[PDB]
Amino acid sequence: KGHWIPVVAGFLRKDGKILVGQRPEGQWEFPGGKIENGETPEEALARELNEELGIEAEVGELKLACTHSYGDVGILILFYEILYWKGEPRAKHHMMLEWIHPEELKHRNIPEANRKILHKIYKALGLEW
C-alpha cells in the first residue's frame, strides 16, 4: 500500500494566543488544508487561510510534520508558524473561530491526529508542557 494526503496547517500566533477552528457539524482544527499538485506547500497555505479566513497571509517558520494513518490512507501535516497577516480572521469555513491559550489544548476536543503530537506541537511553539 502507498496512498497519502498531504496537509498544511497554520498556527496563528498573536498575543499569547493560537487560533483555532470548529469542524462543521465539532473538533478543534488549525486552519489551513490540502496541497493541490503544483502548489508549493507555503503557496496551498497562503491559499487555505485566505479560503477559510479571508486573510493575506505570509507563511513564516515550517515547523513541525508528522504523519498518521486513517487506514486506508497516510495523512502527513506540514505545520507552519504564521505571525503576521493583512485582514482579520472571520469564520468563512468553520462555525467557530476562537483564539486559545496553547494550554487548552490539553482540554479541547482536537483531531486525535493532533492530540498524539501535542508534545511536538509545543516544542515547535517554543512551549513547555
Given for the second form:
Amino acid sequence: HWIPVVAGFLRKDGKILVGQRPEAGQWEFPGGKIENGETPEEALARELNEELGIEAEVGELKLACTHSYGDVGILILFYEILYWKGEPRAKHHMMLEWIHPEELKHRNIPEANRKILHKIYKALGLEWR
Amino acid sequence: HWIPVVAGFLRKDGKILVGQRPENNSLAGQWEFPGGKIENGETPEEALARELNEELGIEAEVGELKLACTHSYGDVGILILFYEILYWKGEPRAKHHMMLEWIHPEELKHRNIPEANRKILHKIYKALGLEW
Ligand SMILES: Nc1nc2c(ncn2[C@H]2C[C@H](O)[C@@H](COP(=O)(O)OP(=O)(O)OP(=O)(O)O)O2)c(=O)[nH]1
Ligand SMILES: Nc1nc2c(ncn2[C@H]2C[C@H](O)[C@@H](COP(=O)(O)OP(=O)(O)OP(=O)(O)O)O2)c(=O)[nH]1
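Let's see the other form, the form solved in complex with 2'-deoxyguanosine-5'-triphosphate (DGT), since the form deposited without 2'-deoxyguanosine-5'-triphosphate (DGT) is already up.
Zooming out: every chain and molecule, the one shown earlier first.
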C-alpha cells in the first residue's frame, strides 16, 4: 500500500523554500499527494498553487525515494521548479521560509528527507561537505 | 490505491533491452523494459537491482533516475520510475520474459508496449539521448 508524493525545489538567490507543517511541526518541501488521474507534474503544479498561490511550471525530475511509517509506504518524487508567476504566500503551512540549504542539516525534516539529505544536496547542485 | 514500479534502460551499441511479457495469464504479448514492483521496505534502486537479477540474471548497478509517469486502469494506479542502467555483470538471459531483444530504440514506435510507455514515448526518447 503506497502513497506517491510530489515535492518541489524552488530557489531564491541560493536559498530554498521549505514550509512548516500545520497539524507535524516538521519542515518540508512544498507539494502533496498525486490524486487519481493526474501525472506527477499536474499533481505538483496543483499542490504548489493551492499551498503557495503561485502558477508554477514543473521542471526536471531530480530524485525519488521511499519511506515506511508502519504499514504506510510513501514514495516521494522531487522536481526542480525554475519558473512560476507571483510570490509564494503561506496558504497552508503556518510558516514559509527561504533558508540556506546548509540549514537543512539542523532543521527538523521528514525522516524520508533526512535519510537522503546528501542526494538532495547534489540534486540542488551542492556538495555534502 | 497505487503501485510503484521500477524499470531500467540497458543499452548495447545504441540498441535497448526490452522483454516480452510472459505469454501467460498475465497482461501479456507486450514488450516492456526490464523491472518490476517495489516491495515494502526497499528503495527504488534495491527493487530494481533485485528485479534485474531475477528477470535477467545480471548484477546491475542502478544509475541516474530519468523519468516518472503515472497511468490509470480506472481503479488501478501505476507509477513508473525509469532508471539508466549503465553498469552490470554478465549478459542478460531470458529468465522471466518469454523473449528478450536488443532493438533499435526507433522500433518502439511500432512495438506493442504498455500504454503507460506509449503516452510518454517522446519523453523516453529524450531520456535515452535521442530525438522523437
Ligand atoms: N509535500 C511533502 N510531503 C512529504 C515530504 N516528505 C514526506 N512527505 C509525506 C508526508 C505526508 O504523508 C505526505 C504528504 O501529504 P499531505 O500532508 O500533503 O496530504 P494532506 O495534508 O491532505 O494529509 P491527509 O491525507 O489529509 O492526512 O508526504 C516532503 O518533503 N514534502
Ligand atoms: N517493468 C515494467 N513494468 C511496467 C512497464 N510498463 C508498465 N508496467 C507495469 C505493468 C505491471 O502492472 C507492473 C509490473 O509488474 P510485474 O510484471 O513485475 O509483476 P508480476 O510479475 O508479479 O505480474 P503481475 O503484475 O502480478 O500480473 O508495471 C514497463 O515498461 N516495465
